[PDB]
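S.K.: Please take these sequences and the hints and turn them into a complete structure.
Single-letter residue listing:
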Amino acid sequence: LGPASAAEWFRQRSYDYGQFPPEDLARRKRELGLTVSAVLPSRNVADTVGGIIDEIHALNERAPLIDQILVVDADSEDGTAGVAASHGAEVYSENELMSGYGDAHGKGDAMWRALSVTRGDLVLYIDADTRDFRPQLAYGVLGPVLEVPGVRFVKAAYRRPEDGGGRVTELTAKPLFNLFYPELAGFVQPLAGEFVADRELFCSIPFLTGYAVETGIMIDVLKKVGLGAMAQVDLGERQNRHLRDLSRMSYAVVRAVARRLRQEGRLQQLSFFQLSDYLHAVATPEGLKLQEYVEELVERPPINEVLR
Amino acid sequence: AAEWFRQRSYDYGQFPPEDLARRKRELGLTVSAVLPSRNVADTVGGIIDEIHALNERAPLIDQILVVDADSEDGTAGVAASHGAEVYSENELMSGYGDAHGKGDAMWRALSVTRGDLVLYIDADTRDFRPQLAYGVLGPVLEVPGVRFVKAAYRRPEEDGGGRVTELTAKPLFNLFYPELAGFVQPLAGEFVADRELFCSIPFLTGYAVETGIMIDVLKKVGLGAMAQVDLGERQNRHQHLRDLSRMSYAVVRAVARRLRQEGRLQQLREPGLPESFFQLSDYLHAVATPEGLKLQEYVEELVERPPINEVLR
Ligand SMILES: Nc1nc2c(ncn2[C@@H]2O[C@H](COP(=O)(O)O)[C@@H](O)[C@H]2O)c(=O)[nH]1
Ligand SMILES: Nc1nc2c(ncn2[C@@H]2O[C@H](COP(=O)(O)O)[C@@H](O)[C@H]2O)c(=O)[nH]1
Ligand SMILES: [Cl-]
Ligand SMILES: [Cl-]
Ligand SMILES: [Cl-]
Ligand SMILES: [Mg+2]
Ligand SMILES: [Mg+2]
Ligand SMILES: [Mg+2]
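Sequence lines, in order, name chains C and A. Throughout the first sequence, residue numbering follows PDB author numbering, covering 9 to 169, 178 to 257, 260 to 288, 296 to 333 in sequence. Throughout the second sequence, residue numbering follows PDB author numbering, covering 14 to 169, 177 to 333 in sequence.
Hints were generated in silico from the structure; no laboratory data involved. Where a beta carbon is used, it is the ideal one built from N, C-alpha and C, also for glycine. Accuracy of the hints is not assured; some may be wrong.
[To be verified] Restraint ranges, calculated between C-beta atoms of paired labels, are given here:
1) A15/A with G10/C: 42 to 52 Å
2) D86/A with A54/C: 49 to 59 Å
3) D24/C with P327/A: 45 to 55 Å
4) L261/C with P29/A: 26 to 36 Å
M.R.: Laid out in structure tokens, this is it:
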């Protein structure tokens, strides 16, 4: 059971999207009767969503792969909802889904809530701010779930135009994974927005809200199904894109690990103390300034325990 | 945290060099500047010159100490030719073998620093101004109880430090060491404390050193005895995000190590985890390249040095 090392896993569970031609995936998907829901957490992305939806439609014409497109909007003031709707996608407000829990706590919350309107056997999350969307950003990661029995969770891998990820990935995720979760060290883009798993899986794990979500899922999936059931697919080049705001992103990652460490018993007994209170000291032309942020880390339970 | 920030942050304008010099003579204290050097042939010269220039205006630094990493670029010769005392990191405490990175050089520097105060200064600084030397001296000389002063600065707009400071150090500190969240440049190379303080704490070697020092000094003298000085502008050397990854790991390992000593970290290895997955010195850096995916693998033992007092003659 399981690979013997991060090295063995890396050889056995890393793929190239060229291995999964779309029309071949479409056939297997059909033979298995599986359906796929693509979820696009959207927040002020009116200029890029249309194109992405369009590309998914064109792909489907060549190879029927995506059955449902969900734009879970953050009630964007730039008319995202409209653009998405007119381009043929289903559109939901992150605030109206599971509205008993109140307004949405950031990206993680919106992604968890999406599970209540996802109908597909498989659930594929996809960033919606992507400037130049290429077909394999949608189908690449489907490859191993459809083609390799045993694989339940697939993460995208990619490079900017030798790439080990963006700053938060390089400087927060991987160092923390290498130390506390060695099994995840082989992932090239552990925090990638594009990934897929069966809906059952997503419904059986908790979801951290805000920017903790990606880290949380990585840990929780690992615990749930085993490293052997996770994989990654090189998707070629993709163009990605303020060090200040990243600071809070990195904090969310640290909080996620910390929280999981608390629960495992690895982290015991963790005034000037308040976890959601992040002191960010900075140097400005007008002297030193100590700015202060507050973001609530909320864990939503497996949607399993709420629905059905 | 906040009460500290108000009461312990200073501007270098508050400490004119001539006042400090006068205060230093009054107090009878000597200062040793230590410059860990690794392939900085193009910059040490200027720094050593500036410090000599400063001394002429205001006698502040008594010993200029370049501790070289046997730099292939001839750094040691440059430093010598400019008037500095040069030592090889490998000849200091040579009973410990060759030096394991920057932390080791800094620890080893203590064995030959002669001053009551020890001012660490970075040697890669492409444009060096006088206050990068005297700024941090302000509080240790003029504010009672202050034993340790760290530099603060901005890049030529709310600079919260380099990539490692913003995305590794500060997030970790905010969670595990709230008291240090006030520091703008926690991992700054410019800082100063009395020689007896440095000689009485462990030093993590390599790139874990700045973090180790901040945690250890905190524990030892208390937040109240630490301060920071805004030194204005300082160009930072740009490095590859690949190499910074290794550095962030050093930071994480320092914090993890200390959490373990505090008992706040019970198990490091998660129960269930096969042994083959457990190797802290082994850092896996998964990357995408033009010719496919690859699993780069760096090995670097986290070597720690005992307080030099217990080992130095
Ligand atoms: N529904 C929703 N989407 C978000 C939120 N924050 C970011 N997103 C979206 O999720 C994707 C990736 O988010 P990122 O981490 O790059 O900001 C983008 O499509 C983006 O607009 C949010 O708070 N709510
Ligand atoms: N003696 C010595 N100095 C080093 C070493 N690594 C870095 N340094 C120096 O320490 C200072 C900090 O540079 P950095 O930490 O940004 O690489 C620079 O002056 C630099 O050249 C080392 O391994 N040995
Ligand atoms: Cl909280
Ligand atoms: Cl350790
Ligand atoms: Cl080690
Ligand atoms: Mg993004
Ligand atoms: Mg540097
Ligand atoms: Mg390892």
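S.K.: Each hint needs a verdict: does it hold in this structure or not?
M.R.: Status of each hint after checking the structure:
Separation of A15/A from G10/C is about 47 Å and conforms to the stated range, judged on CB atoms against 42 to 52 Å. With their beta carbons about 53 Å apart, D86/A and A54/C fall inside the hinted range of 49 to 59 Å. The hinted range of 45 to 55 Å is satisfied by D24/C and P327/A, whose Cβ atoms lie roughly 53 Å apart. For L261/C and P29/A, the Cβ-Cβ distance of about 33 Å falls inside the hinted range of 26 to 36 Å, so the restraint holds.
Going down the numbered hints, you'll see the structure goes against none, and every one checks out.
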